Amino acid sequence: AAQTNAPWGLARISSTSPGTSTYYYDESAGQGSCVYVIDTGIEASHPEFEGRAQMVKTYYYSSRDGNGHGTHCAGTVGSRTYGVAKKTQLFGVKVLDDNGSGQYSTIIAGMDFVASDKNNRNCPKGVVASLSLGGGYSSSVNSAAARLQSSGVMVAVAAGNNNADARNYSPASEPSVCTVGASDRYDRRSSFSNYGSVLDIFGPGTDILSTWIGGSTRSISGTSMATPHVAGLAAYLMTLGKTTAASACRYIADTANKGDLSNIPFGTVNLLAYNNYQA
């Protein structure tokens, strides 16, 4: 399948070159998979989600996304126009308040929620969790992410936006999850992206168009935007039967575009997420 005039990041993840504008992907499109977006919520009524998004948990007075961040991330996972996996099921877990903040204890509860809640859902092709969030190093946050992964969920987490080594941030620094850095449309490391040995992969993160609250769209930047590209890619590849939740990060690294990013510090992987879709 071909989506013309796609956002650059979608085109990038189906290309061996920068500078194209068509996203190519297998029609299965993540059908039968599930992606949990653990964030500020999801505006499930947005037409872009086509009834495939729902809120499943909140720790606050509403499950509404009063911020936009979670809606944007969910759109990159699975919206019809802006998403990688255009037929996946999206589940929102609101661990972040409408200012975009959340206590680590709430974030931990939300991860253990997903590990159990997947047993309440129909996800025959597998389960992914996208965590476009983080703070300073915490062994308990890392352990929660490790449990979620161990439970059979492909966990993708943002590396962080400090232009620093991700070893000092959580859940970025948890080794067993998929830690995602950000690149731009010219195949440069995004200016803000964290780096370091713990990164597994890069995805598009600078100037990413996606859904926003109030039925709208906007372009924003962050490792928060790179993460859902990888989460959606995992869901897509799991639906194709190419990999599994336990193995998807490694598979994505195996199959990535290699050596094509600039300003990658010595000791950080030079790997850009790629679907290897051949029609």
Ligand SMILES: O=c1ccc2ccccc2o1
The other form holds:
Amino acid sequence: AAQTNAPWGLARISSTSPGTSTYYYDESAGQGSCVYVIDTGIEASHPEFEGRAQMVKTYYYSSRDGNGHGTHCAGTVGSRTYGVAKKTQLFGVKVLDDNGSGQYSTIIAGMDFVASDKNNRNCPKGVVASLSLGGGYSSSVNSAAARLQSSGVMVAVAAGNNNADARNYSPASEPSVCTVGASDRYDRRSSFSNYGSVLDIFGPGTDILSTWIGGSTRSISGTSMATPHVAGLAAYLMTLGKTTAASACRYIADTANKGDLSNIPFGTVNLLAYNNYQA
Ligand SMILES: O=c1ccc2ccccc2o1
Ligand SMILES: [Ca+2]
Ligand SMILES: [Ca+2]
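The form deposited with ligand COU bound is what I need now, so please give it after the form solved without ligand COU.
To see the whole picture, the full complex is given below, headed by that same chain.
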């Protein structure tokens, strides 16, 4: 399948070079997989989700995304026009308030929730969780991410936007999960992207067009935007049978575009998520 005039990030993950505009992907498109977006919620009624999104848990007064961030990330995972895995099932877990803030205790509860909830859902090709959030180091937050991964869910987390070593941020610094840095359309590390030995992979993160609340769209930047590209790619690969939840991060790193990025500090991987699609 080919989507012409795709958002640049989708084109990038299906090409060995920057500058293309077509997203090539297998028609299976993540069907049969499930991705939990743990964030400010998801506007499930957005036409771009085609009825494939639903809220399953909120830690606040409402399950509505009053912010937009969670809807944007979900859109990159799995919306028709802006998503990597266009037929996946999306579940929203609202652990961030409408200002995009949340306490560590709530974020941990949200991870433990998904570890249990996945047992109640029909996801034959596997389960992914996308966490476009983080804050200062916390061993308890890392431990929660490690448990989620251990339970059999492919966990992808944002490296953070401090232009710093991600070792000082959580859950980015938990080695067992897949920590995602951001790049721009010229294959440069995004100027805000954290880096360091704990990063596993890079994805498109600068100027990413996706869904927004009020049935709209908008372009924003962050490691928060790169993370759903990797989460969607994982869902897409599990559906194809190429990898499992336990090994998807390693498989993505193994099959990545290598050495294409500039401004990567010594000690940080130079690997860009790539779907290896061949028609
Ligand atoms: O869009 C965002 C806003 C804040 C933030 C903080 C830590 C990690 C990722 C983040 O993404
Ligand atoms: Ca290349
Ligand atoms: Ca890792």
